[PDB]
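J.: Here the structure of chain C is known, so what remains is to put chains B, A, E and D with the ligands in place on it, guided by the hints.
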Amino acid sequence: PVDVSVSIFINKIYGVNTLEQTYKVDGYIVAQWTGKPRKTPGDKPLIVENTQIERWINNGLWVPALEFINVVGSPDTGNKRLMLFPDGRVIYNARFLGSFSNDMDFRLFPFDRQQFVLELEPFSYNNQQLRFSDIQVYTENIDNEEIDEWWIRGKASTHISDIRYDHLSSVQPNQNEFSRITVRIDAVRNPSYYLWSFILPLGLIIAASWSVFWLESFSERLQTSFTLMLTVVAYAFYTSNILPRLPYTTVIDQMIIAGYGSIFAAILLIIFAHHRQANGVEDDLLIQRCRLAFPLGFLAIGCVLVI
Amino acid sequence: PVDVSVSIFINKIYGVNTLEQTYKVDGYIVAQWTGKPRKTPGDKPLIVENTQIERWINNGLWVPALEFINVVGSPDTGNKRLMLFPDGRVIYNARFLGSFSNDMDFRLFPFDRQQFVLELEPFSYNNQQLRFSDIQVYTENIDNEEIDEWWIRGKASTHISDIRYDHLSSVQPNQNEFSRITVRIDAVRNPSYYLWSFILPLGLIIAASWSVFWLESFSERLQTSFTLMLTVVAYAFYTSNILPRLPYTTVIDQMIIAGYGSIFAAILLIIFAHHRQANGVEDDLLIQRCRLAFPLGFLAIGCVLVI
Amino acid sequence: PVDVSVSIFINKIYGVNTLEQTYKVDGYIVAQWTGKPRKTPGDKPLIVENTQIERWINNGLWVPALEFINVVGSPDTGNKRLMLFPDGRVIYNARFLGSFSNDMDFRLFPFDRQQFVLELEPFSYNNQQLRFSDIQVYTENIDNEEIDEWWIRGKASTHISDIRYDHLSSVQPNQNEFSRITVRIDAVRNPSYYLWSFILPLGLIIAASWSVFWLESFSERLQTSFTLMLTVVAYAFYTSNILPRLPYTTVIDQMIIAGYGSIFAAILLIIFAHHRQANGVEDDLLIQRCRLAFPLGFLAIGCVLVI
Amino acid sequence: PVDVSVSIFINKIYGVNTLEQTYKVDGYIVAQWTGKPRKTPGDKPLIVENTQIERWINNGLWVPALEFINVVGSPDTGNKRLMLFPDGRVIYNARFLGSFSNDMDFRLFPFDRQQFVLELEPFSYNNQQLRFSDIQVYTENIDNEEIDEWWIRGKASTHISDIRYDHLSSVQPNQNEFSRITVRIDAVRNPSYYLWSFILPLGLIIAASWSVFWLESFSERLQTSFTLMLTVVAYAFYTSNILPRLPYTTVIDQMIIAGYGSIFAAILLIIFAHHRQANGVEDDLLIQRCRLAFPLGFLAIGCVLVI
Amino acid sequence: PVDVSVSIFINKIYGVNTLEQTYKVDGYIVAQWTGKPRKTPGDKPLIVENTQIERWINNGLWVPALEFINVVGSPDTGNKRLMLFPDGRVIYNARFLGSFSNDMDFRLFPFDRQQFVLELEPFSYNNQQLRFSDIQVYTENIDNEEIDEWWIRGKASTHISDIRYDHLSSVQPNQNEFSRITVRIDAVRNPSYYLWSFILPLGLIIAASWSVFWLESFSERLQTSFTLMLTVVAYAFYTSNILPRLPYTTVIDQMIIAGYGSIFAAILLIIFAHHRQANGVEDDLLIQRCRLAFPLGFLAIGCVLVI
Ligand SMILES: CCN(CC)CCN1C(=O)CN=C(c2ccccc2F)c2cc(Br)ccc21
Ligand SMILES: CCN(CC)CCN1C(=O)CN=C(c2ccccc2F)c2cc(Br)ccc21
Ligand SMILES: CCN(CC)CCN1C(=O)CN=C(c2ccccc2F)c2cc(Br)ccc21
Ligand SMILES: CCN(CC)CCN1C(=O)CN=C(c2ccccc2F)c2cc(Br)ccc21
Ligand SMILES: CCN(CC)CCN1C(=O)CN=C(c2ccccc2F)c2cc(Br)ccc21
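Residue numbers (PDB author numbering), protein chains in the order written: chain C, 11 to 317; chain B, 11 to 317; chain A, 11 to 317; chain E, 11 to 317; chain D, 11 to 317.
Looking at chain C on its own, in the form it has when it is part of the complex:
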């Protein structure tokens, strides 16, 4: 079993695709394994760059193909390097950029708790042929959190484990176990933009929506709630066009539904106040003065949604 020491150097985690549950990762892979001793020019370790690496493999150099399990398609591999030592150790260094996938929950947006995962595994050689000895990640990202979209919390979580495939029958009997490196980087979304530019103005719309009961005439009370309805429609459109596309409702999306409900409940109460009478224009002095009845009731219903 060939012992391979891996080292991942994370440079940038960007471009989060909410619908595809994808994120772009730029970095470097450093794989090291000790092979048969070589006769390098002089005695110092020989360096093999990009094109020449392929030429050495053709001659007989064993360079194992290590695949990213969670990568979407094939990653953009930059500069390649092979450092061949006279004692036998071979070091493979290459820059990479790939789109990685992971199960991502954006239900409690914009207060997300997401972890960026990286999964490495040899494509052809099993645990008895190729084994991952040790792995260390270097996230050289520090300071200027208020400028970046995401706030990296942990240093990096690593786990080397043997993955067993079910496959059913096939040609390989017992040899069905592969060593896999799992890298996890926990992060929290910056809600400073969404709180001030989306939560705060929406809150004022719903608050001003309750000020419709302070009107004197029934015609005034009803016609204003139609403008109020149009304001939430105009805001729902403003939200959905800028906010990320998702197959489920978020906290901001739920606030919009609560806004529509608040206006529709007001529409029903304004009609009920004027028509549930004993003469014709007998507006219930208590139900017309619900200026404090459901506005605090909205806070009660709003806190039920949190539970």
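Derived from the structure by calculation, the hints contain no laboratory data.
Some clues are possibly wrong.
For chains that are exact copies, the list does not tell them apart, and a pair is met inside one copy or across any two.
The calculated SDA-like cross-link candidates involving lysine to any residue, where the alpha carbons are at most 25 Å apart (straight line), are [stated by the list, open to error]:
id, residue 1, residue 2
1, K49, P183
2, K54, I252
3, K90, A75
4, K90, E64
5, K46, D115
6, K90, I152
7, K22, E187
8, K165, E150
9, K46, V316
10, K165, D113
11, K54, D172
12, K54, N184
13, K49, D13
14, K54, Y148
15, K49, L302
16, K49, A303
T.: Relative to the frame of chain C, chains B, A, E and D with the ligands by itself:
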């Protein structure tokens, strides 16, 4: 006839293009055929990776080109592997990512019933030269349905059949039959977002649209229906900008037309009530109180749309 | 002159770019020419796939480069195949995906009549060196027209002609004629979405725009036309955002201009009714009742759009 | 000094990127230079296509790399051709598609005057090594101007000049001059869409904005100007979403600012008319009837904007 | 230690991605190092272009891989050139286009201060193997500042430094230092578009928002502020759709929040004026005439935001 055993491993089905009727599929193809016995180093099966596969074909290795019939262009092929056994059998393993096409009906959106199809067929060799012995699909997708956009129902449906091409005249007479693998994965769309953020608020708009008949003055009844008209225009824009682009009307699209119709029917009645008179301001004592006449009449028209 | 028999197999015509006048075509090219007799293994025709085709050309195989005249850049060529026969005939089969250009008129949108053209011509060899013997197209597209964006009407139109280039002076004197295959597939756009979701609601906006004259007060008649103006602005935005981008006005675009004109003509007449008086509040009992004068005048302008 | 005769064949100029100041050009490059006499099969000129061109260079064929100075990145090169003559002359023919850059002014949009420039220069060989003998452009574009976005005015402007680089010190002393071909194609933008769908309706908005003074009550005069303000906001959004993104204001953008100003000037005058009094509601007869004072005054300010 | 002289020629800095903190840079890299003296044909320096460069490396030419540290993925390399001199010196010239990353603060938008950075470093050879002797940048960009999106201040700031990597343990002990070239081009954003098309009209919206107190009736004062609220919602949407996407609020974004606050403060004051009474309709003659109280108070709060 060379018997080839195929095995498809589905990893992710994402990125549904509604207009192009396309979907992205990430997975692995495993093709196995038994050839002439080889002399592998030692006696254990020899592994050939990526670049070296092309070198072996140049020497004389028969690797048949198996084409994806329903793929859009050329797929992104990842790591390639050739496992050559001393007994003869050859196993080809390669990761793939391609955009696949299939006839997709999105008429009853967001309650769609779609099946993701995969079609494999040899590009050059016919059924008498190359035959597909057996095929098995492994959809290792389970749990977290409420997070994913689509809900995979069935395990995977397979069908190996001989496809005969019409062509007319040409050079090949009887040899015009090819073995084809057809993989079908049935799925249902998650309507939780579209029901709460699009169906539910739209329903409230139409419900509040009928509350225009609770107004006393004709001037009030007419001017409010113009604001109501503008609300549906603002909503129709909010819908079409977020909803997928299609060459036919959906359930949500039909609801919008019903909204325009309900306001236009009101506009005609509000004019008729005030102008069809015996004195001048004689608003037909019963037609003006149609606060329950067409709102349930809309539901009756809404039940006719079920047919 | 080498006689080459071509056969095009159309799979999918999609992705129409209105501004660039481009459309994506997926299919197969089958070129056949009779050469010098060969000694194939055994006696059965030899099959050469992808990578190996390039190896045969290096040895001395003549494979002519046939260029798509109307293609935008270079097309995505899939699997390649060379079928070499012992009698001499050579068959080249390859899957292709390319963006093709043609003069496209979208003036009478959404009732467009467009033809998808394909132009094939040898890149280096003239009509005296390479001649196209015959060409046949196979459009294996049938049923489910209501699901597809475009409705293919004609089966396929083909034309082999000799194209003469002007060039002026140069090195080649008489040899300036090349054989060209021109494939034409006529299609009609599906107007079901645009008629119900764009033509029908817009018609109701203009129809409800003429209901402004049924108002009693001049203040009511003027203030409502400002809301009417805002409704067309909101609709013009809804139209232009979803509708394809073009450097000329369509039928739907012309309808929007007619809407703006109808409201502006109303604004002028409402002012003219109130102020062309003999006291101050002398509103013309016939011009204020133009409730039928210009609404049918709009229909007369609509009939002028036909001429 | 090698004399090279170049011939550019323009097929299509499309996809103008206003922010990047880029445009896509599809065509053919024909370069001719006389070399040492060759022994071609028979005596007729030998044709070398695509892959085989690289093989001939490896043997010792001198094919100079001619770079497009104003191209953005690397262009999409189609079919390549080398016509080797027994007398010595070598003709290089290749199809190209590239994104070209040029200093573009879109200040007086949609009535822009833009010229599409193409710059060719040898990448390695200077004017003493490689000289451009002559250049001729063939713009085979004619008729259907009303369908195309841009209207080509001139045939083609060509200029061969020696460009001297400053560089400072370096290794090359006197040898710092390179021959450069500059191709210029002048074109005027089709304003038919922008005049009818953007200039004309905007003009009606500002014209109807002045009709706010024809209202009787001060409350009516003020509340209507708020709807007028909202109409320009809705139009400014409709304009900016469809119109190209630029780092400077256009004629249409300036018209929008003039619209905001006209409404804000009206707001100030309506307040001043009512509050600058001697009793309370002493609305200045002349200042309230400014229905003709600033509407023509706007035309006077509008004429200053042109001159 | 090999002394390498580098020269960067900047052609265009465009396409600033605010969310990814990326910018596209087009230019040329000129690397020079003195090797072992060669024997070139004749005596003049030998030129090696594109494909042939790879052929020379295979034979034994040492061409070091110089990587762009801050580049996003792999850059689009154009034409490549190797000028081999008989005295020994080797000059590598190649055109490049890459997306470069740098820490970018867009908090005080549109009055941003940014610097475009370029970082070069050898991928395999350390400071003891490869050393950067000198670096000079040529920004041939001058005049037409009012047309370009950015105004460049300096010529080009350069800094050659030895970067030491932490790595921890590994195989390399002392040899962990690499020479790095840092290029900085300081720039200031052109705010002429954003000041006239976004700051100026928004200022008029807030200024006209304070004109709601000039209304006589309480019903008029309240209903108009709802239209005012809808105007800011329509403007907030117009702003966010055109303005760049960022994870933090800008000066323009803060102005929008101030607009919502000004209307909400007015809503509370209009309700307080009418309901805080001694009879019923006792509107406080001073608090209703706050037509000058908070409008200048808004300017005071506005001046605090600047500090
Ligand atoms: C020769 C026996 N073979 C079973 C077909 C070994 C296990 N195997 C494969 O050969 C095909 N490739 C893989 C495989 C190997 C590495 C990474 C991803 C894979 F799908 C595989 C996958 C699963 Br799930 C189950 C078995 C499996
Ligand atoms: C020599 C075998 N040949 C008869 C001439 C098979 C028929 N054929 C082609 O040769 C071109 N290529 C194909 C073809 C073959 C395999 C896969 C996809 C193809 F388009 C083809 C397509 C159709 Br539809 C009808 C016939 C057909
Ligand atoms: C050697 C003859 N040559 C003189 C330079 C003229 C033929 N020619 C070309 O060699 C470049 N390619 C083409 C050409 C060849 C095949 C298909 C399309 C083309 F534009 C061409 C086009 C025109 Br228009 C005029 C000349 C012409
Ligand atoms: C060969 C000697 N050399 C000086 C080291 C010539 C000058 N030169 C270059 O070598 C790099 N390439 C080029 C050069 C040549 C052709 C096309 C584009 C280029 F940047 C160049 C550009 C400028 Br500005 C100034 C000098 C210059
Ligand atoms: C054998 C010593 N080893 C240290 C782990 C080599 C140095 N190295 C790499 O091989 C991986 N690539 C790099 C590296 C090399 C060139 C440019 C950027 C890099 F991250 C690197 C980065 C850091 Br931080 C630390 C070590 C380091």
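J.: Which numbered hints turn out to be false for this structure?
T.: 2, 5, 6, 9, 14, 15, 16
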